[PDB]
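One chain is shown next in structure tokens, namely the form deposited without this ligand.
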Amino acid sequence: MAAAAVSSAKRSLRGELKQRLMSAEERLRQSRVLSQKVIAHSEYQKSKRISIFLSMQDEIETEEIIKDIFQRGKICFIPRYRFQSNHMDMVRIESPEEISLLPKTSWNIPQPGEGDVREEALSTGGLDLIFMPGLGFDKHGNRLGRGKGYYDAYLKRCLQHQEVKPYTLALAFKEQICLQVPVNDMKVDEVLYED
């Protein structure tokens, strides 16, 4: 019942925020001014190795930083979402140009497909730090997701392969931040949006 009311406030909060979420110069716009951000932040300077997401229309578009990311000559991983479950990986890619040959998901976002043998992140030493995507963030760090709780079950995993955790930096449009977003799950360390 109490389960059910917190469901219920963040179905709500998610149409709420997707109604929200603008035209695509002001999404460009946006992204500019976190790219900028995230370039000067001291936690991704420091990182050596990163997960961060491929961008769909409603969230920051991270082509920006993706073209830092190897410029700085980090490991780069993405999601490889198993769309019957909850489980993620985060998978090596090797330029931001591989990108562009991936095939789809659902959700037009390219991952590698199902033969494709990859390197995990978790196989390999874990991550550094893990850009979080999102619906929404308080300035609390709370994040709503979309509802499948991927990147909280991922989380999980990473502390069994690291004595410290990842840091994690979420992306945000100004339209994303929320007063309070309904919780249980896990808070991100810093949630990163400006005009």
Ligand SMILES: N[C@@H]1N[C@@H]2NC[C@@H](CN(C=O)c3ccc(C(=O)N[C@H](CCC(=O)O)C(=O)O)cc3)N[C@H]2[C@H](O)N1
Second form
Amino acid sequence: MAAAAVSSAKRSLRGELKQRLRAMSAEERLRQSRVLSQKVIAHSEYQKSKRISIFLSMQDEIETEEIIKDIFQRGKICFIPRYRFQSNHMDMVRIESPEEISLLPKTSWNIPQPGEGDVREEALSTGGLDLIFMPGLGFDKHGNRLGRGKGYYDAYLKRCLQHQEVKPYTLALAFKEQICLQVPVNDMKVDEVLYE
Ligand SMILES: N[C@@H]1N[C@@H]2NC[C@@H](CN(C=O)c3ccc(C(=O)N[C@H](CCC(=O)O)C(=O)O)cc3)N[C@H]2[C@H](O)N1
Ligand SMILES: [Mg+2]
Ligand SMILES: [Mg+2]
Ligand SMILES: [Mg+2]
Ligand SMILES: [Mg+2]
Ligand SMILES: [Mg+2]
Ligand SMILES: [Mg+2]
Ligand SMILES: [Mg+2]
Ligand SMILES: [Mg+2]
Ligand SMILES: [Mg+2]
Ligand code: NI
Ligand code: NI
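Since the one above is the form deposited without this ligand, can you give the form solved in complex with this ligand too?
The complete assembly is shown below, putting the previous chain first.
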């Protein structure tokens, strides 16, 4: 019953956040994304990190396009999500240029990812990750995160520990509209939430 009340609070907050995210203009989402891109590019954990996981942005997320271009300009090794919907499991798989992204097939969320038989280097098979850009629907200032529901990033963070001594730094990228007083939890916290 306590579990269910937690789920109910998460669901209600998701509906609130989604409505705000729906209510934002394309131009404005683009403005806050530009502000975050400059913040990330100046960020010391980003500047020092060699192996990075970043997401490919949905319409309700901070746009990561400029960060990706910077990643490859700085010769960082870049991994993106590859989600297997049948088992609710995600890996982070290597891409070798920003331009490759444009040729990939897309999922039912209209996001690019390498297809089923494209054999890819996985981040945990070749060293793990220094830094993971964390998407999500909401975050509070304690670093709690409200994801879309099925906990694929929480599960992936747990998995990272099985390959690395040092846990990846987790940096969320949020609209100011996505910052909440308290995210209902219980769930993995992020190290830092960036917003305007
Ligand atoms: N740009 C990135 N790409 C990432 N790629 C992997 C991915 C998985 N994903 C798709 O790639 C995905 C989306 C929703 C649910 C789930 O948790 N949600 C529905 C309710 C959400 C809907 O009604 O709006 C349900 O609980 O199943 C699980 C996996 N999540 C993406 C992430 O959220 N944003
Ligand atoms: Mg809604
Ligand atoms: Mg409200
Ligand atoms: Mg402007
Ligand atoms: Mg959406
Ligand atoms: Mg360097
Ligand atoms: Mg699949
Ligand atoms: Mg992996
Ligand atoms: Mg699909
Ligand atoms: Mg996993
Ligand atoms: Ni897998
Ligand atoms: Ni608090």
